[PDB]
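**Student:** The chain contents come next:
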Amino acid sequence: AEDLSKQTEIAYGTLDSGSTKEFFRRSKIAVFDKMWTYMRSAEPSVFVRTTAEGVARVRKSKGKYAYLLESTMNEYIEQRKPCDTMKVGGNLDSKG
Amino acid sequence: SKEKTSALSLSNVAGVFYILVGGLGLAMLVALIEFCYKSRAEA
Amino acid sequence: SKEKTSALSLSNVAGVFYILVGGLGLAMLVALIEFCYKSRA
Amino acid sequence: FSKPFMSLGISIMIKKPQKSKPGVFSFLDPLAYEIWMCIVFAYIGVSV
Amino acid sequence: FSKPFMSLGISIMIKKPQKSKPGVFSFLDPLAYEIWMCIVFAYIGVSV
Amino acid sequence: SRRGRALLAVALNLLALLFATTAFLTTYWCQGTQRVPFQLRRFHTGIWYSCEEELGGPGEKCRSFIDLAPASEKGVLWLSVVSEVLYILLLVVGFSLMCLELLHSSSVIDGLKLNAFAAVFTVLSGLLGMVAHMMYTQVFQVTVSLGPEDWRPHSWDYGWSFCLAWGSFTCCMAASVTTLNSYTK
Amino acid sequence: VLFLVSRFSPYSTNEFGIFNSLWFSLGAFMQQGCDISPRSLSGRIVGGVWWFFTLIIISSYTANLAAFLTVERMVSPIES
Amino acid sequence: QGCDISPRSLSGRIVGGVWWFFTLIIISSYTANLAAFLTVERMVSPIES
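Residue numbers (PDB author numbering), protein chains in the order written: chain A, 636 to 731; chain B, 780 to 822; chain C, 780 to 820; chain D, 491 to 538; chain E, 491 to 538; chain F, 1004 to 1040, 1086 to 1233; chain G, 539 to 549, 567 to 635; chain H, 587 to 635.
These are computed hints drawn from the structure, not numbers from a lab. One should not assume that every hint holds.
[What the hints assert, rightly or not] Pairs of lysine to any residue, SDA-like flavour, derived with a Cα cap of 20 Å:
1. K716(A) / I502(D)
2. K783(C) / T609(H)
3. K730(A) / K493(D)
4. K505(D) / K730(A)
5. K641(A) / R684(A)
6. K716(A) / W1204(F)
7. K509(D) / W1204(F)
8. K493(E) / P507(D)
9. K781(C) / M708(A)
10. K781(B) / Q508(E)
11. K817(C) / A1164(F)
12. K505(D) / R692(A)
13. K695(A) / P507(D)
14. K506(D) / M708(A)
15. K697(A) / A1164(F)
16. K511(D) / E644(A)
17. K509(D) / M708(A)
18. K722(A) / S492(E)
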């Protein structure tokens, strides 16, 4: 996630109404504060409607759009057709 | 963590340049030794 | 398990033809000025 | 709640890195840019 | 217990890979040194 | 003698006028086929318009070849179309100067310099011309792989008029040596 | 292009005819060379760039043929 | 090893032209296949039955 900070060539976004977008606003982490501004400052429409539209932007934008979501959804989309997503980085925060 | 190489670097072929720079330095020395041998005959 | 081998495509060595023809256009360009330099002398 | 039966987190989803277009100067991919400059530097010196 | 204030698990611990230091004579490495000497001594042989 | 060798350079460049323009007008460069779920249709795509034959009818449903290409390789493709127009133009500039190689044209005096300028007008054309096909083919290799929206051909084979595309470049080089060996002998 | 250059101010006697300009380039491409060599600068560039073409293509040929024969050496058909 | 003596006749240069392509393949086949031995070696048993 620090590699999405120092590099502005690849776009990255979350879901429009979820706890994940709620997370980066209330952050006091140095990197995660930079990521929340970039979701708002340099912006053609970054966020998507729901999760399936976020996955569909990853298949379409050909490596220019990253999509930040849960780690339990990031594995199941990886293990399902047409098999075009992977899971990079570690888990940033912890939930249950 | 982002340091990763996938190509041949200068260090892997470094001693060829060291032979090459060492090859030039011994070459210019013999050009001085041969030129003194020619001035020996011209005197 | 899905790996395979491949022939070299045109795009793999595509640069060298462009170095080739880009070397040919520079060889035509000096052919004029050396024809100019020789003619003035 | 009970204790968490599953851990999770926010994680990045990106495309599977396929082979891209090979580059327009991809013939000199083996020897890095520190050598092709230095060969030309050693091309001039041995000639001079 | 409360809820977990951090999550953790078993993880692998290995030594950090150091610099791959080749040496200044790493180009001679494919042929053994009992070949590189015998190339030179068979060079003088055929030259004679 | 000098009438016959000068006629041969004009006749070959007149074929290079024909072959390069037959390739440029036709859209049969890549004879591909595409199955839909088993029903395969045969098609052909040129440099401007990609037309596929519909099943058992008039056919020729023509997409423009520009917008189907990917975004990075699109401006790459424009450099092929710019150079291809720059190829046909500089061949006509070459061929019309071969018409001044005729002695029924202007004169003998300074006409030999018109022929030294003539093969140069065909060689500097064909060098830009070979790249203009090389710039096309590496774009088409991408569009078989990942470029357009979900139409990907079963075959990427080069059809006819692509062999006619090389032949004009071949005839440019066969004509430039015909006007230069008679330049010496 | 090597034949086209050698008929201009590159001279003396012009030896690089079209029957010779094919034979220098085929000698350059198979890395055998010939006794003839370009003497003018515009001939040395067209004789120089074509050398850098035949260096990459031959080395790309040997490496890719070492790529077929290593993957074919690693097929390992089903033992159990 | 580039010989100083070169063919000049056309039927001398078709012979020296095709043979030069014979050496480009065989030396590149020999260099490529020695790579295939030293990279992946397969030690085979003397008997199997």
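**Student:** State for each hint whether it applies.
**Tutor:** Consistency of the hints with the structure:
no.	hint	result
1	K716(A) / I502(D)	19 Å, holds
2	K783(C) / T609(H)	29 Å, violated
3	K730(A) / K493(D)	12 Å, holds
4	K505(D) / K730(A)	25 Å, violated
5	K641(A) / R684(A)	27 Å, violated
6	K716(A) / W1204(F)	26 Å, violated
7	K509(D) / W1204(F)	19 Å, holds
8	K493(E) / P507(D)	38 Å, violated
9	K781(C) / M708(A)	25 Å, violated
10	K781(B) / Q508(E)	14 Å, holds
11	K817(C) / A1164(F)	17 Å, holds
12	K505(D) / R692(A)	10 Å, holds
13	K695(A) / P507(D)	14 Å, holds
14	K506(D) / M708(A)	16 Å, holds
15	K697(A) / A1164(F)	51 Å, violated
16	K511(D) / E644(A)	18 Å, holds
17	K509(D) / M708(A)	25 Å, violated
18	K722(A) / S492(E)	30 Å, violated
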